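First comes one chain, alone, set out as structure tokens in the form deposited in one PDB entry.
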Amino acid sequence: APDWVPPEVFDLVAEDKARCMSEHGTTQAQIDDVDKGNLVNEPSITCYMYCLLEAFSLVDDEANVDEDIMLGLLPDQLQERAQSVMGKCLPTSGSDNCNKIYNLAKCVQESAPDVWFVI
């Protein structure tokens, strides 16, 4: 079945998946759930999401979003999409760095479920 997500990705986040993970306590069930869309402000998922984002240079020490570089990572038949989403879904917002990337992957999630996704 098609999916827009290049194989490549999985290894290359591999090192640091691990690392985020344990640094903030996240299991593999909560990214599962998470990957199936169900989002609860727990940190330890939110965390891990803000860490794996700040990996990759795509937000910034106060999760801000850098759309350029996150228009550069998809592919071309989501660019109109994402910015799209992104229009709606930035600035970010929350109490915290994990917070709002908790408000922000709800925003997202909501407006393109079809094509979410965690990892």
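For the two forms, the rigid core is made up of the largest set of C-alpha atoms that agree within 1.5 Å on superposition. Numbering follows the first chain given and starts at 1. Compared with the form deposited in another entry:
- After superposing the rigid core, the Cα of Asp11 is displaced by 2 Å or more between the two forms.
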Given for the second form:
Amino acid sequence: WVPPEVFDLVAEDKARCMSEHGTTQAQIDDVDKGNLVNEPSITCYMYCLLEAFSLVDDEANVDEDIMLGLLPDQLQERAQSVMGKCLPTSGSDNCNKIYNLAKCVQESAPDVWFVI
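Could you present the same protein in the form deposited in another entry, rather than the form deposited in one PDB entry shown above?
What follows is just the one chain, with no partners and no other molecules.
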């Protein structure tokens, strides 16, 4: 009757993305506080994490329906407005695209910061 091993999917996904990009816990902790920097070790992590959740494709194009689907009904119109300002993504590579997206979302809704 052994209880199942319980896998924390978010933790697994972060762990995999960090290992793939040489990302430190300190860097993840920065992003989770809303502190953004254009450094591939952390911005490629952000890209990786979004891609794992099907929020972006392999050119860091946002799937708006999936991204909006993260949020409660009450936040939809606010979120749609942010996406109107911040999409489509742009930047020099997938990591920079997500840096620029994160910065746009931060600046567009400066009093809140949502993290997976």
